[PDB]
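Listed next as C-alpha cells is one chain, alone, in the form solved without ligand WB1.
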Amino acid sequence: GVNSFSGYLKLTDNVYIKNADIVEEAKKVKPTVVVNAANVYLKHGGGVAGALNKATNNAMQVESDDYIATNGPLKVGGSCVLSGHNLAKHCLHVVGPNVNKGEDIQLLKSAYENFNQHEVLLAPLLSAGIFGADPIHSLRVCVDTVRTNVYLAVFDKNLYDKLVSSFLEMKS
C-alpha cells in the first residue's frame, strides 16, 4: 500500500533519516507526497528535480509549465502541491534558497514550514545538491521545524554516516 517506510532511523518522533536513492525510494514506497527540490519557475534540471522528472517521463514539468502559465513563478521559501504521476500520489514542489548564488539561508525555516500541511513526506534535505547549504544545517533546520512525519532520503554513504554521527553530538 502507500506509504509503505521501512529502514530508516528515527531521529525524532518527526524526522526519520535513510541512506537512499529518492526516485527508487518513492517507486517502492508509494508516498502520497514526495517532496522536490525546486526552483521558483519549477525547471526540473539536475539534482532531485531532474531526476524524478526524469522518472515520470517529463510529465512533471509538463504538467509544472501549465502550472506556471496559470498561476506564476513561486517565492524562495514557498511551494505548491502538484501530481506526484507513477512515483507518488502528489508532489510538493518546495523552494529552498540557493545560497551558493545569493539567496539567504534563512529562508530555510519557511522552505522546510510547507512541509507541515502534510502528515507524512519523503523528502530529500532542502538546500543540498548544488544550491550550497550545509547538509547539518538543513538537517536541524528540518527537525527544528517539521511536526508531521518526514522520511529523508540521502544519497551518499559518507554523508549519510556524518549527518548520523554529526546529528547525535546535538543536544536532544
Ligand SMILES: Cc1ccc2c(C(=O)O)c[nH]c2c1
Contents of the next structure:
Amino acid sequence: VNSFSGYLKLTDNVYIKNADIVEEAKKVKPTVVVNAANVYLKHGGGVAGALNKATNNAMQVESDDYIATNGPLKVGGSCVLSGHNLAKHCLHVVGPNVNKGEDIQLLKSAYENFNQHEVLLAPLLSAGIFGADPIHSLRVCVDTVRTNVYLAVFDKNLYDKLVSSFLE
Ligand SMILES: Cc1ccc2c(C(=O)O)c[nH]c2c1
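Based on the form solved without ligand WB1 presented above, generate the structure block for the form deposited with ligand WB1 bound.
Below: every chain and molecule of the assembly, starting with the one above.
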C-alpha cells in the first residue's frame, strides 16, 4: 500500500524520516524495502540483521537459495527477493565497503539499482560498517536516483546533520 507518513521532502523524488526501517516496513507495507546487503547475503548485523530478524529468518533461507544459483553478488550489484512480511519485494543492494578498499565510485552503481523500482523504502547505502560518509551517500542518492525513495535514518543526531547539510 506504500502508506509513507511523516517524510520530509528533500528533492522532488527523495524523502527522509528519522525512523527504524523495520517499524516503517510494518506500517507502510511498501512494494520494495532495500537491504544494505553484503555479497554473500549474510544478514548478521545492521539493517540486514534487523530486517532478517523481523522475518524470523525467512529472508536468510531465500538468500542462501539465491547465492546457491548465483554465487556471490558483485559490489554495486543487487538481487530482487521476497519482502516476506515486510514488503512485496526486498531489493538486496551491495554498496562498496571503503574499510576494505572497495572504490567509493561504486556507490553510484549501487544507487542505480533503485531506478528499476517506482517507489522504495531504503537506508542510506555504504553507511555504518561499510565506512562511507552518510552525507556523501545522500548526495549520491539524490544525484543518481530519479525514482521515489523514502529514506529511513535510525539515529536522530545523524538525521539532523543530514537535514542541516541538505536544507541549510
Ligand atoms: C508485506 C507486503 C506484502 C505485499 C505487498 C504489496 C503487493 O502485493 O502489491 C504491496 N505492499 C506489500 C507489502
